[PDB]
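Q: Chain by chain, the residues run as shown.
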Amino acid sequence: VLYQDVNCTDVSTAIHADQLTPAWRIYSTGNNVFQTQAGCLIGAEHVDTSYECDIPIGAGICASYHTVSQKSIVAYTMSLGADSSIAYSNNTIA
Amino acid sequence: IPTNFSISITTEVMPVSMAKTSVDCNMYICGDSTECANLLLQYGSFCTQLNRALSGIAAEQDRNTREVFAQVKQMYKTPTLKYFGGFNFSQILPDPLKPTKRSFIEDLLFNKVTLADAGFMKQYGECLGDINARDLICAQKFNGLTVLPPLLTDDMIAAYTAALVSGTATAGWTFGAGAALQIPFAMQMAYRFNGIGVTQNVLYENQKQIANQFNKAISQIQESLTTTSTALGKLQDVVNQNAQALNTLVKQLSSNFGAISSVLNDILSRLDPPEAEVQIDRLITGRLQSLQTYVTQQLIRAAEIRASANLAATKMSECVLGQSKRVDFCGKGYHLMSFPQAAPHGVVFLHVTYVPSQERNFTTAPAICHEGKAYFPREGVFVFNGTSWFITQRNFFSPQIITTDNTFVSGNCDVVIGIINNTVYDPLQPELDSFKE
Amino acid sequence: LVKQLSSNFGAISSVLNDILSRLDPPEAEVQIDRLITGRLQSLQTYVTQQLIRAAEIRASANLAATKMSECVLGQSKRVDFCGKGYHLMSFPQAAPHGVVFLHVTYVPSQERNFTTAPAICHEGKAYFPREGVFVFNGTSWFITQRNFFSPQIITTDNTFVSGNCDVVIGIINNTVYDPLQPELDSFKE
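As they're listed, the protein sequences go chains A, B and C. Heads up, the first sequence is in my numbering, so the first residue is 1 and it goes up one at a time. Heads up, the second sequence is in my numbering, so the first residue is 1001 and it goes up one at a time. Heads up, the third sequence is in my numbering, so the first residue is 2001 and it goes up one at a time.
Bear in mind the hints are in silico, worked out from the structure with no lab data behind them. Worth double-checking, as some hints may not be accurate.
What the hints assert, rightly or not - Dumping the calculated DSBU-like pairs for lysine-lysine here, alpha-carbon to alpha-carbon at most 35 Å:
| hint | chain 1 | residue 1 | chain 2 | residue 2 |
| --- | --- | --- | --- | --- |
| 1 | B | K1141 | C | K2003 |
| 2 | C | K2003 | B | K1373 |
| 3 | B | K1332 | C | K2084 |
| 4 | B | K1073 | A | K71 |
| 5 | B | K1208 | C | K2067 |
| 6 | B | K1112 | B | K1073 |
| 7 | C | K2188 | B | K1436 |
| 8 | C | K2188 | B | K1325 |
| 9 | B | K1082 | C | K2003 |
| 10 | C | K2003 | B | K1073 |
| 11 | B | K1077 | C | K2003 |
| 12 | C | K2188 | B | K1332 |
| 13 | C | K2067 | C | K2077 |
| 14 | C | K2067 | B | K1325 |
| 15 | B | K1234 | C | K2067 |
| 16 | B | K1073 | B | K1332 |
| 17 | B | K1208 | B | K1112 |
| 18 | B | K1077 | C | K2188 |
| 19 | B | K1436 | C | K2084 |
| 20 | B | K1077 | C | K2084 |
| 21 | C | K2067 | B | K1073 |
| 22 | B | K1234 | C | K2188 |
| 23 | B | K1234 | C | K2084 |
| 24 | C | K2188 | B | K1373 |
Claimed, not checked - Among the chain B residues that face chain A by a calculated CB cut under 8 Å, a handful are:
| hint | residue |
| --- | --- |
| 25 | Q1123 |
| 26 | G1125 |
| 27 | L1148 |
| 28 | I1183 |
Positions of the beta carbon are idealized from the N, C-alpha and C atoms, including for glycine.
Using the sequences and the hints, build the whole thing.
A: Here you go:
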């Protein structure tokens, strides 16, 4: 779920107390993640890795479908780019 | 022929992104009346098509931002010296001791246009704050107008800008081609000057003067960014247009479109439900027309911002990733260098242009007939002749003697209009005379 | 557009020939006018969206025509405009409602570290390099090109005369070669 603009605190209470208008019959909640414009990404684990942005969400937190232990949706920091080792030198020519 | 140069640095601000707005028609149309939704659902997908269009606009803005900023493959680390060949690159790269991860110029840019019409931020509803400092707070309003944060955060934009500046200063003009050919900044400036037409003599023999002029131009840019005026206002005009659009939408929300009252939950307590249905339908039609006008204006503004972002991306690919011979495209005179800088919903380029000065008039000659055959100049196009004396360059004086290596053989002297009789020099005859005799 | 066609706009029904034979002609004229107004609004919205899409497609077509005129019809020195690196070639291909180009770009290969050489003073005069500015030197040995290695002997035909040696910072003392002196010494002597 990607609830656009909420605190992800009243939505959980509305789901657990049947106060939300979209009421899916077959639906559960096991873990919520909160970032800048999170969306209450129920179903994905906030992994501290850095993978390429596959499904752009917003505020620099994309989603994808990788292996955790196994296949599950994760959240990363878009992996802006691979680090380099190009060091300046006044006597080196490539 | 100019005798002295003047290294100048001009600025150019171009918006690449706008406010990612998202208006929920569930709260805008039929605010709190539960009976209003029964008539609102009678129309159809008017609340779905507009949301799809707004999502498409947001995706287009994100794609334009990514195509403008994210252009390199690897993230080159910023150097720690920041002093290459005399050119002081301070206030351009992120300082390792400064608390913020942005640059001084970036901070000065973010401290001028980020006013965002102070006093009208409470019109829409967003979630300000960051996840790291746990200061994220969501704010909503009854009008339903929301603004979605962009995909690339300001930190990522600053990192991309730092990587671009590092790839421009270090590794030469190759980080855009597909490799990283490390080269000192001196030879890089030598090639930059050679691409214009000026030899490496002016670059190497006057490196200290060029470095001093570059530092002076950087200081002047810093002083202009500290205290400024109505200039540097494209991003401000974009923000003002967005704020005016939002204000007009809010005003049209609370407007009577030929009914009893413009406020809901009031006509139901004074009129019959079948009689109030007509007024409800009229209000819904007026609100839908206002929202359609807003969506059309947003589409037009998004097309304009997309065109500006494509132009800015082309300018970054032509001026920053290399040396383009485009006339009056990157800066004012000869491009010779470029440095991009981050900006809120836009890019600010720093074109280090080349402007000659101190011009002096001199006599010239189209050709020179030494012994019946003419000698047109090969490299130096300006035949600087006091009285048929030398041959020089086009953008710099560079007094050099005329030899057989700078001129080639041609026909007779009766074919060029303005032939001047003079003697050409050759290092072969005196050398042979000194060797034999 | 089709869904808005078969949709009501605040009337009795959204299907014709139904509101006619259920009320009076004057009473049905109001519903007919409402339906016509709704259809006109939907068609105007469709026409505006089509105008916007046509403007976007015209801009994209102008960009593609410029790319074809600059990359296919010749060799442009643009940076990251035709392909990724150096353009060097272009081949257009037909596509449904579009053009697919085949930019045969030039990508460099594995690199190697060398030593720089801003200038070389042979007998008091510095010899700055020619168009090829990358002066490959193990220990002040040769001079090369900028993209390919192409090891070449440092001669007087690849450099020109300049001022003294105390004007350029980082100049490396080395000797220059000229093909005239050995030939003259072999012929005369």
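Q: Confirm or reject each hint.
A: A quick look at each hint next to the structure:
A hinted pair counts as satisfied when its Cα atoms are at most 35 Å apart, and B:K1141 with C:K2003 qualifies at roughly 32 Å. For a cut-off of 35 Å, the pair hint linking C:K2003 to B:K1373 is broken: about 84 Å separates their Cα positions. For the hint pairing B:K1332 with C:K2084, the CA-to-CA distance comes to about 27 Å; that is within 35 Å, so the pair holds. Restraint check: the Cα-Cα separation between B:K1073 and A:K71 comes to about 28 Å, which is no more than 35 Å; the hinted pair holds.
Simply put, B:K1208 and C:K2067 have alpha-carbon atoms about 41 Å apart, too far for the 35 Å limit, and the pair is violated. Taking the CA atoms of B:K1112 and B:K1073, the gap is about 31 Å. The hint holds against a cut of 35 Å. About 8 Å separates the Cα atoms of C:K2188 and B:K1436, which keeps this hinted pair within 35 Å; it holds. Of the pairs offered as hints, the one joining C:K2188 and B:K1325 is violated, with about 50 Å between alpha carbons and a cut-off of 35 Å exceeded.
Between B:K1082 and C:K2003, the direct Cα distance comes to roughly 62 Å. Violation of the 35 Å bound is thereby established for this hinted pair. Taken as a hint, the C:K2003 and B:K1073 pair is broken in the structure, with Cα atoms around 45 Å apart against an allowance of 35 Å. Distance check on the hinted pair: B:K1077 and C:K2003 sit about 54 Å apart at the alpha-carbon level, beyond 35 Å; violated. A C-alpha spacing of about 58 Å is found between C:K2188 and B:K1332, which places the hinted pair above 35 Å, so the restraint is violated.
A threshold of 35 Å between alpha carbons decides the hint, and for C:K2067 with C:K2077 the separation of about 12 Å falls inside it, so the pair holds. Under the criterion of a C-alpha separation no larger than 35 Å, the hint pairing C:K2067 with B:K1325 is consistent with the structure, at around 17 Å. Restraint check for B:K1234 and C:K2067: the C-alpha separation of about 29 Å stays at or below 35 Å, so the hint holds. Of the supplied pair hints, the one linking B:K1073 and B:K1332 holds, its CA atoms being roughly 30 Å apart against a limit of 35 Å.
Restraint check for B:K1208 and B:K1112: the C-alpha separation of about 34 Å stays at or below 35 Å, so the hint holds. Restraint check: the Cα-Cα separation between B:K1077 and C:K2188 comes to about 60 Å, which exceeds 35 Å; the hinted pair is violated. At roughly 58 Å between alpha-carbon atoms, B:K1436 and C:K2084 are farther apart than 35 Å, so this suggested pair is violated. Annotation: proposed proximity of B:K1077 to C:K2084 holds, straight-line Cα distance about 23 Å (limit 35 Å).
Between C:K2067 and B:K1073 the CA atoms are separated by roughly 24 Å; this keeps the pair inside 35 Å, and the hint holds. With a CA separation close to 75 Å, the supplied pair B:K1234 and C:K2188 exceeds the 35 Å bound. For the suggested pair B:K1234 and C:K2084, the alpha carbons sit about 31 Å apart, so the restraint of at most 35 Å is met. Between C:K2188 and B:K1373 the CA atoms are separated by roughly 31 Å; this keeps the pair inside 35 Å, and the hint holds.
The beta carbon of B:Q1123 is not positioned within 8 Å of any beta carbon in chain A (closest approach about 15 Å), and the interface hint is therefore violated. A distance limit of 8 Å between C-beta atoms decides the matter here; for B:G1125 the minimum to chain A is near 7 Å, and the interface restraint holds. Annotation: interface hint on B:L1148 holds; nearest CB of chain A at approximately 6 Å, less than 8 Å. Hint status for B:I1183 relative to chain A: holds, with the closest Cβ pair at about 6 Å, below 8 Å.
The structure does not agree with the numbered hints 2, 5, 8, 9, 10, 11, 12, 18, 19, 22 and 25 stated previously, though it agrees with the rest.
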